[PDB]
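So this first bit is one chain, no partners, the form deposited without 2-amino-4-mercapto-butyric acid, shown in structure tokens.
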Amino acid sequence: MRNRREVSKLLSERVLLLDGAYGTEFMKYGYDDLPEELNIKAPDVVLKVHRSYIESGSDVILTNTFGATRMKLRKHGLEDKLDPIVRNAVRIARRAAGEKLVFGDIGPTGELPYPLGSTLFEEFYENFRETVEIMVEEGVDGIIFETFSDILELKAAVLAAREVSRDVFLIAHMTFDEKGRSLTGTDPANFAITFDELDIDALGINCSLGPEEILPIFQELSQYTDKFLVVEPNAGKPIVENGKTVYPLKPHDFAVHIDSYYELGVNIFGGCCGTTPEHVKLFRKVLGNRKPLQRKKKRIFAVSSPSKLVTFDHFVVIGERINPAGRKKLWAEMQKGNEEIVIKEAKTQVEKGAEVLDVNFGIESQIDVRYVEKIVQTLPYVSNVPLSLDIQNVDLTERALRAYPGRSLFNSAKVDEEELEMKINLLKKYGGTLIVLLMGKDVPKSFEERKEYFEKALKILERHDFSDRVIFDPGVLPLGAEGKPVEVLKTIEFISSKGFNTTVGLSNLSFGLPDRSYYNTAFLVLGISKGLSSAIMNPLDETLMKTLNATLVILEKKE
């Protein structure tokens, strides 16, 4: 019915009120059936609860479809009922809402992504796409992905939704535990940074905690995104009565928190577990008519995995090892789809100090895309750290970016209009940062030339509003082939003085000479003294890593 720009307009003018819990209301009416099943078995009960919330003052109601996706319904022997369940749900909600807003409610599948579970990104994508198709056809005014615990599954959900419709208002929610972390390790800042740049309209938090506990978590989220914000806390902390978990926070004690959320910039407020029509009635009275607070956000350069957010405010070690070039054994195993060998390589580098891992598949024409998808999806979970996707083929790049669990670093785009625009567009759609290598028509052979490439790059990045999502690689050349490393050090100093992060493929400096470890070490120390903020390097080189740490301590960057 209404599109994202219309809903956005309304939100910019007034804070809206959502609804309350449905399952527990169905139970009070004597129906313990799977909530979604009532859309077919007892539609009158669903309608009654929707009407109770509309009459309580809700501006928006959620369809009775939390578990309505093929992957979850299958677990109840209802996969073949997906269509009627979702269509009926939207029709019933629309009948109750009238002119008010109806948002499709889509929850997670309950299936973890490979390698925790057996599901690959593309299966999650198709699963969510199907439910979104039905909701869009039936006329929802928006869609909210509720209670997600994993960023990859949520990323698949929002990307699938946006593919179905570029006009539907999309809201992404994650649920956090008392420690402020999702099931697979994502904290509020990580969630905000990763999703703020995707084409969604709002971010929010719901479930797991009460209004008091979510406040500091919601605050952190609000500081890192300028998109609309939503919150649906449970009715306080859970307590067990008569052997059951109940959320006892009464209307007044819940309602008094509305101001605290308003102060943090909330745009839509509602309740989750334990919330009843009585709660919503008071929320309506207390909320009244208020214009939302101005939205801004703190800006930082960071990349992430489900459990780790790596901010470039300290020297970042990027492990170079997962690269088959010059590695017979590794190359052979990648070709046969060996995952364990890559996993061990990843874990070992992290254990040695790598905070990010570069991942390259050598001659991509000889590697199985499915293997790439599994590796790209697997490493962030098992090694815990973010990845630097070192991929040449634009096609493989897209497959990797889509399935990447978090905000990645994409390895090199040369200073070439076509190449940059192409990679920039992929990163804008799937999220991520970019390493821009200072070369194009041939390799620069002086500081002056690298500076020109830098300035040409800035011009291109500026025209594509991407200047804040790049790290510059000045281009280290082999000492033997007269690489003139001094020219690179000057370039690092120049770029650092301009406020941009830098990196280098350290090992390329000594590819073809003995004692390469010493040349790599000397260059890194010198580079860091000039502002180098990261390096793709060998974390298994004890000399290099020990001297690096010593350098940082000496320069008072750590201890």
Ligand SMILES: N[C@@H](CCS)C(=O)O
Second form
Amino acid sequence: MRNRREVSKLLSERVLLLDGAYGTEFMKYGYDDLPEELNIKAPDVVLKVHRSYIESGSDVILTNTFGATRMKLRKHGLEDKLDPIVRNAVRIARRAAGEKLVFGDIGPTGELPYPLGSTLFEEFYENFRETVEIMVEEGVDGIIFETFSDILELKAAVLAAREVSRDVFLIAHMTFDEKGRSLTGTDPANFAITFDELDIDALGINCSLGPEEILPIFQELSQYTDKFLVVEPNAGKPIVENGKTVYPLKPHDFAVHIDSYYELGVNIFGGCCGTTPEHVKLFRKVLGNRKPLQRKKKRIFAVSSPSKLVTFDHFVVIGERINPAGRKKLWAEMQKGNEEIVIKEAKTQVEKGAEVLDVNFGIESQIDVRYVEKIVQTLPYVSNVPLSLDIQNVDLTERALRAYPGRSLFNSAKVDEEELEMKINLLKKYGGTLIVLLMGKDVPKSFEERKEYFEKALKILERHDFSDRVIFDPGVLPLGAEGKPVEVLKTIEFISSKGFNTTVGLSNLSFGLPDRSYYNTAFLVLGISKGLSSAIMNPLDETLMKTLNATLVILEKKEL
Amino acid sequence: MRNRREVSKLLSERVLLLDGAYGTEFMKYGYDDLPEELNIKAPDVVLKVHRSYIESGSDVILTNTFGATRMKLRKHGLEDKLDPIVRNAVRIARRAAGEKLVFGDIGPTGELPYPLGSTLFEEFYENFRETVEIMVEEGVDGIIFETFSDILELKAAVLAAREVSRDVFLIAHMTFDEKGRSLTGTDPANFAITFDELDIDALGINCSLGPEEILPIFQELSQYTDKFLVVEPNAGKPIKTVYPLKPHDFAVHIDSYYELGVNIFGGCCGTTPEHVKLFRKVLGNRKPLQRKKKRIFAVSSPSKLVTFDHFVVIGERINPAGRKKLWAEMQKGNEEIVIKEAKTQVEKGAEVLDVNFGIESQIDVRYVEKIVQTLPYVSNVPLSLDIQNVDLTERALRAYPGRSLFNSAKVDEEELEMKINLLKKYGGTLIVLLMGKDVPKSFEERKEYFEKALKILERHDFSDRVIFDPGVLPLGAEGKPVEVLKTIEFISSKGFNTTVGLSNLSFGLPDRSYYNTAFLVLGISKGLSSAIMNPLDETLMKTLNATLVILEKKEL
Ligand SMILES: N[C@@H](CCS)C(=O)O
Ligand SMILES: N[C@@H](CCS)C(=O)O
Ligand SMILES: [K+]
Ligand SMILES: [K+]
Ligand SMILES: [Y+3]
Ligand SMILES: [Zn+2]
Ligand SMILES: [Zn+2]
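Let me have the form solved in complex with 2-amino-4-mercapto-butyric acid next, following on from the form deposited without 2-amino-4-mercapto-butyric acid.
Now the full complex is given, and it begins with the chain already shown.
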């Protein structure tokens, strides 16, 4: 068993060759059984296939465990054979490989996450945890999650693997259709942006498409991560001939693509379904001995849901409405675990132009933690958009972040050493960006005071290597409570000038005032003129939204 | 006959004494006839009274003609005696004065301007012109309009006088009540700003109040004009014979008027030669004090002075373009509809009203002259006169009761000289639109027009009487409002007021209220000081108020 430090060192020195397909090989040997069952029924066939790749020059082989998790095995009446299936697979692969690397191979369950399917984050997490336990015990040199179609299920798999072992080399893959999207809508930039910041060692792509079709998809992935890169295309895109799936790409026509992947920074190259030992033999000759290429990676501030990447390069409307403050009905209904009411609020806001939704659960001791976990998992699927998680309690925050399907915005940390560090650390573990509110020991009462908090924040951020993952909220105070909005506008202009995104809790300005719509509208227009890049605001306020649109058109940021 | 250069020279050297009352003196000697009639019926009594004031120390005497104009004499069956009344008055005053100054004295007619009464501007103008001609013929050293209560009537008088003679020394007075207001609502700063820029030589106050009561009113007047200042307080309310304010107490106020820059001091109703004797003893020989006037940019109506030290809403609605019904009433000379539109806009927050007559050549000038005179009285607020025809421009400016804003000259040598000259003659301020031969598109293009304009305005000494309009183009027609916003910020940085025709931004687009609002907020954030806009748009107006509250230009 090699740990992640050893494997990373090896990769830094040499581009490695993976193996070909297993599922599409076994039939050629007269075995059409579920591949994982062969680990018990015919371990000799499994050994032969591994050896076929070792003898073709592979540096790494995958264990015969693609469908070996409880949730998937259950569908085939084999759940009670998890332990021997996985143990035998690892033992067989180790026998074939000798000193070569063995990666524990885990695919997805075929179960969609709730609300598309019935499955909650917690169930996927425990499912992947149990297979990874066996693999780590049996001494794998890494874990690879192949052919994932949904980011929540993949996030669960990575987090479960990392909780079993902080030392194992961990590789996360998605598979993409010909339009460059996963089943639940994630494009390669979103995949990269979301997963780069988790404690995985490598990202990659396998299956669905051939080497030609993957290239631009892989290029986009490579632009947004600095982690190691893996690719395993099919031997051409699958076609049906005389009632069977055929992968028509021959060894030379597949191998010619190696250079193009190498140029994009590939670290491990292999093949998925349709790839045979004949392909791998040629890959071995063509790849030879190469040091991988350095890349940087584009840096962007973006948040995501499964189907939407929201980049802060245009004004971002953050819908404020999922917040039970002053909403007696919503508050009562949240406490009873009503999902439909919150779902309706989400969809309406998006229909009216919210691109991200703030979600707050009021007096958090009064709310069921399981309802928070379900709401957070559900809204990005049903409403399509990313969330701003507006949570006070650090424990509940951890629950929400662990279960969030994408890269969230976390609403909010004040400028306090202890509070900032706690919230930063949670985001470092589970992914995400942070709103930093410019107040602390007290509430600022001028531009200069806000500027001092901003600089204190930057010092704490730099120390935690977190400066690129923040948006600043200068702290809008109520007009009727000596709010002094000119001071906020000065602060917006100042922070924008420094290259940071900004947001405000817009509706705070007009709290306790009649004609709040007009105060909110006037303030938003002024803020945008100073560089304000987003706002938590009411998208159902038609005057606010129409004036916003007019403002963006006028300032040449969009439209007609 | 001294000319105004001669009289000014004298005033620059010494504070002069006027005379006391005539009307109340003639009454007290038992003459209950109109004072002006005595020029025919008892010339020796007129001569006696003038002589008593000269002996008492007056440097200047007033001709006995206070009520001697055609419109006033007609109310007494005496209009056919205008000519002999005024000529005898001047001849008698000259006999009395010797080398001393004789000013032709003209008071108001007692007729209110339409619509408070029935008199139009032109009728007042003709009335004063006739009396000034006779006085100038007979050789006065000046003309003084005493005891005026209305700024339109006074404007007619001063323009009439100046049409007769550009050389005669001209003094314009208003009389103010205890609240510092003329009958039709003009306060001393309004009076000063409106009349200072007309071609008069002095401004002043007489009657209605005593020396003490006039002092703060006179101080206000003194702060807003650099011209010569005159005062003639009355001797209080009589309680008919016996007036309360006697020579010694009246005269002890002279020092306070001297310290405020007074140039001629006299007395009005109830004062006597014995008062003047004391003015002489108290004043002696003093050079007048120098002063620096406060400088502001302001427009006016009889009852309102609007200073551009806060955001000014200029109502756009009296404009028949795209409005078939309004236009049909304008063409049939309907006054009531325009009045209703004016009133509603002011009710909604308009502080100035833009007034445009559409296809001007299809509109009766009488109607225009009538609307222009009427609206400031009934609606209370100043007008932005939005007129293209240069002849109609002259008639509207001439008849306008106050200091107007004139809606628009482009940056063009010929057009500017034309408009500037009319405004120099009739009073007023100018919107200068930043286009010329070509409509500009960029910020630097607009800046070039601005500095072209500044060079033209500086050579005409008109720099201080302009608002700049950067020229807003419709968004659907390659507008680029960002260029306009940059121009506003620049012009503001140079200390100049700005305006825009707001509704042009959103011409042809849907949801125009939202584009108008967004641009207005953005403009204000850059220094925009006014806009021609729709005060009936609740969204616009409420968002405007919010903007000013947020930016600390006004309280919650
Ligand atoms: N490692 C798996 C991939 C299935 S998509 C196999 O080769 O069968
Ligand atoms: N000069 C006139 C003024 C009357 S207000 C007079 O002395 O009678
Ligand atoms: K493989
Ligand atoms: K007098
Ligand atoms: Y620490
Ligand atoms: Zn595959
Ligand atoms: Zn008098």
